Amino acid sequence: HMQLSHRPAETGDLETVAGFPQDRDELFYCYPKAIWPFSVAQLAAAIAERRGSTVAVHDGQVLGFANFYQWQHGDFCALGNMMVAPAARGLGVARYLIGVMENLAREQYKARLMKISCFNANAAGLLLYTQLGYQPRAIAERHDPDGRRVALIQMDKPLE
């Protein structure tokens, strides 16, 4: 059914990907420095500051997006901006794209570790990363757009 492929993100993908977050909570989980409503400009700003922006495609549709927000050659990468089209949630897109990013971190950055940080309210993410072999290492305090304290669960996984 799901026949996923991947390639580097392109300008022509921005409007699609900027359509993915469906509410302020979803935007905060995947891009906590963004301001609702999301926009192509905000997405392009991230892409410029980051590395490895990659889309996942199925049946001619861009269904996922991810990048690295930290990269340290021979050391680790940290995954962020993981977004999935609302019509394709729970179909394997995030897990597919995390595997692609793991490979890119190993191959291009010679990373030994991938870091993922997940906000506490994002249960789906915490469970998914757990299923993929990520372990929690620390919890950091952050604040949401209403000034409320949230917990950022910092996880990692050795790259094999």
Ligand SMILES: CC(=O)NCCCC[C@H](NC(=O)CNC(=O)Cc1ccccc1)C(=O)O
The other form holds:
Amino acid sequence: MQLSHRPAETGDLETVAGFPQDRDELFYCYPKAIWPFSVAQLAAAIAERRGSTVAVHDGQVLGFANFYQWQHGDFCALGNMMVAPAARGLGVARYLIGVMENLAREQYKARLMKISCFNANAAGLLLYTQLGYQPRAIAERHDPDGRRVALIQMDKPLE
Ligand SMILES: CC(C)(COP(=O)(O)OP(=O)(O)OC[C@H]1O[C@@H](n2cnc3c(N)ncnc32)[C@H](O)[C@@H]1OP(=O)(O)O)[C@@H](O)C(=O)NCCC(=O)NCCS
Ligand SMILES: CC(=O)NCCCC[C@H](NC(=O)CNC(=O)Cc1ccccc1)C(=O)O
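Output the form solved in complex with this ligand next; the form solved without this ligand has already been displayed.
Every component of the complex follows; first up is the chain already shown.
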């Protein structure tokens, strides 16, 4: 793996919008979105958020993330963390989270990164645990079927 990163561009939107494979995946990474995902929904998130970044390997956009929240001198919250299905388990999200942590420190002087994860998303919970995030609270949310789910709020000091 020879990963690089850059800010997201318009031309990346169709590829990134293709990443969520089912309603569950979309809900995990973008719970306010509606299935099917679309480039217009992705572009609306980008416009509302900060720090939209892609990860690239061998000429392919394989990952995307942004900041859900940003508070100068305080914290950022990671959002919209998505990886291309063919490139899952290869370190793309680990790489991009490291990039985003640097960006939070450098641009926002953040002391902390917040990352929330839905309970069903075992891969995510284990990912963030691996990266040094600790659980802090659990909030009730509802999925598109009106069923109760648990949102696990985690954080990590940035140093
Ligand atoms: C969750 C997701 C972003 C992980 O991206 P990824 O690039 O595949 O993850 P990485 O390869 O960087 O793996 C980093 C760590 O995440 C965890 N992880 C990733 N995929 C996993 C899987 N299928 N099962 C268990 N743990 C997993 C592991 O702890 C892994 O560390 P390890 O490989 O050293 O054990 C990706 O599966 C995805 O896009 N899922 C749908 C969108 C989503 O859920 N995003 C929001 C998460 S809050
Ligand atoms: C890093 C990453 O991609 N994590 C996945 C979880 C979602 C991350 C983030 N939301 C939040 O952190 C919190 N926002 C919410 O809970 C919004 C919500 C609204 C209605 C029902 C459920 C949920 C986001 O919208 O990107």
